[PDB]
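Novice: In case you want the letters, here they are:
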Amino acid sequence: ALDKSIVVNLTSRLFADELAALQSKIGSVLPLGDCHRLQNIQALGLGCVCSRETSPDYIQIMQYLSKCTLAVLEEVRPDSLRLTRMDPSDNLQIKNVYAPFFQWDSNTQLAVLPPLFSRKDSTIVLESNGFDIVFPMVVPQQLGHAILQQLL
Amino acid sequence: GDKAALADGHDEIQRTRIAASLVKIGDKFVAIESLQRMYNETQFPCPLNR
Amino acid sequence: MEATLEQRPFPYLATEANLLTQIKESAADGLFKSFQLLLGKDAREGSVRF
Amino acid sequence: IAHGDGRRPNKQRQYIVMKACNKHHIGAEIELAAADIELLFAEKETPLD
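Residue numbers (the deposited numbering), protein chains in the order written: chain A, 2 to 153; chain B, 345 to 394; chain C, 1 to 50; chain D, 100 to 148.
The reader is advised that the hints may include incorrect statements.
As the list claims (entries may be wrong) - Using 30 Å as the maximum straight-line C-alpha spacing, the simulated DSS-like pairs for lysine-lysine come out as follows:
#1 C:33 - A:68
#2 D:118 - B:347
#3 B:368 - B:347
#4 A:5 - A:26
#5 A:5 - A:96
#6 C:41 - D:118
#7 A:68 - A:121
#8 A:5 - D:143
#9 B:372 - D:118
#10 A:68 - A:5
#11 B:347 - B:372
#12 C:41 - C:24
#13 A:68 - A:26
#14 C:41 - A:5
#15 A:68 - A:96
#16 D:118 - A:26
#17 A:121 - A:26
#18 D:122 - B:347
#19 D:143 - A:26
#20 A:96 - A:121
#21 A:96 - D:143
These are calculated hints, taken from the structure and not from any lab test.
Use the sequences and the hints to build the structure in full.
Specialist: Below is the structure:
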């Protein structure tokens, strides 16, 4: 019917440290750039719109996310990632990790929000490839509205 | 003794016959290609024209 | 009254000279009038009627 | 070198170097138009067919 797997080519070998950050999050949600099978590292993370040096807003980033497709990590091999892909309707398996924890149940209600608690928790750094990767955090929509409620 | 166990496949392949270009300079034979016939024909820019 | 282009499926003939250098730029800027540019899925024999 | 100078002699040495592989990926893209695809399995009638 379909195959949904986005491999990521990687120009340099990873370190031993930056395996362990990616090893710590084996299952997560990052909005990559464009629909493909193969992809450069400068389109994976959210960091194309939220760099280090430029002041990000907290509106455009959220606004940026509705355009991007969304993906779930499978492996970390040292020269290649491996990401599975989300359709506009598909029954996948997600396994949440995200560190300011909130317990879920069946029949729950989720929003994918920008990292608004700790960027050092989110933005794991890649000194090898010189391009940081930002992870956004899924939030239950009781608080998925409530963060924007405080923000405005 | 180490020689046959160093190139474990590369002793026994049938020897083929190739056309290309050569030159003798010093004592080292240098082959010369130019990958443009595979790269002009598609309008992907050739990576030798840096 | 002038002979215009058409996409009828013809029994093509295999030539020998390449016609691949200086092309995808060229038809974009009119090397010759009355071209036709097809992309991807439309490299097929069209529907025939009479 | 074994040599008799005022310098104290040196050591036998040994080096071991770590090397490994690099992965690469290649695409290719085929489109087949769905007006074409099925009529491999068509209804199979006419001498025009």
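Novice: For each hint, tell me whether it holds in the structure or not.
Specialist: Hint by hint, here is what the structure shows:
1. The straight-line distance between the Cα atoms of residue 33 of chain C and residue 68 of chain A is roughly 40 Å, outside the 30 Å bound, and the hint therefore fails.
2. For the proposed pair residue 118 of chain D and residue 347 of chain B, the alpha carbon gap of about 22 Å is at most 30 Å, so the pair holds.
3. Straight-line distance between C-alpha atoms of residue 368 of chain B and residue 347 of chain B comes to about 28 Å, which keeps the hinted pair within the 30 Å bound.
4. Between residue 5 of chain A and residue 26 of chain A the CA atoms are separated by roughly 20 Å; this keeps the pair inside 30 Å, and the hint holds.
5. Restraint check for residue 5 of chain A and residue 96 of chain A: satisfied, since their Cα atoms lie roughly 18 Å apart, inside the 30 Å limit.
6. Our distance criterion of 30 Å between C-alpha atoms is broken by residue 41 of chain C and residue 118 of chain D, whose separation comes to about 45 Å.
7. Under the criterion of a C-alpha separation no larger than 30 Å, the hint pairing residue 68 of chain A with residue 121 of chain A is consistent with the structure, at around 25 Å.
8. Proposed proximity of residue 5 of chain A and residue 143 of chain D is contradicted: the alpha carbons are some 35 Å apart, above 30 Å.
9. A threshold of 30 Å between alpha carbons decides the hint, and for residue 372 of chain B with residue 118 of chain D the separation of about 28 Å falls inside it, so the pair holds.
10. A C-alpha spacing of about 18 Å is found between residue 68 of chain A and residue 5 of chain A, which places the hinted pair at or below 30 Å, so the restraint holds.
11. A distance of roughly 23 Å separates the Cα atoms of residue 347 of chain B and residue 372 of chain B; the hinted pair therefore holds under the 30 Å criterion.
12. Taken as a hint, the residue 41 of chain C and residue 24 of chain C pair is honoured in the structure, with Cα atoms around 18 Å apart against an allowance of 30 Å.
13. Between the alpha carbons of residue 68 of chain A and residue 26 of chain A the distance comes to roughly 24 Å, so the proposed pair stays at or under 30 Å and holds.
14. Straight-line distance between C-alpha atoms of residue 41 of chain C and residue 5 of chain A comes to about 22 Å, which keeps the hinted pair within the 30 Å bound.
15. Distance check on the hinted pair: residue 68 of chain A and residue 96 of chain A sit about 23 Å apart at the alpha-carbon level, within 30 Å; holds.
16. With a C-alpha separation of about 27 Å, the suggested pairing of residue 118 of chain D with residue 26 of chain A holds against the 30 Å cut-off.
17. Note on residue 121 of chain A and residue 26 of chain A: the hinted pairing holds, with a Cα-Cα distance of about 14 Å set against a maximum of 30 Å.
18. With a C-alpha separation of about 29 Å, the suggested pairing of residue 122 of chain D with residue 347 of chain B holds against the 30 Å cut-off.
19. Our distance criterion of 30 Å between C-alpha atoms is broken by residue 143 of chain D and residue 26 of chain A, whose separation comes to about 55 Å.
20. Taken as a hint, the residue 96 of chain A and residue 121 of chain A pair is honoured in the structure, with Cα atoms around 22 Å apart against an allowance of 30 Å.
21. A hinted pair counts as satisfied when its Cα atoms are at most 30 Å apart, and residue 96 of chain A with residue 143 of chain D does not qualify at roughly 51 Å.
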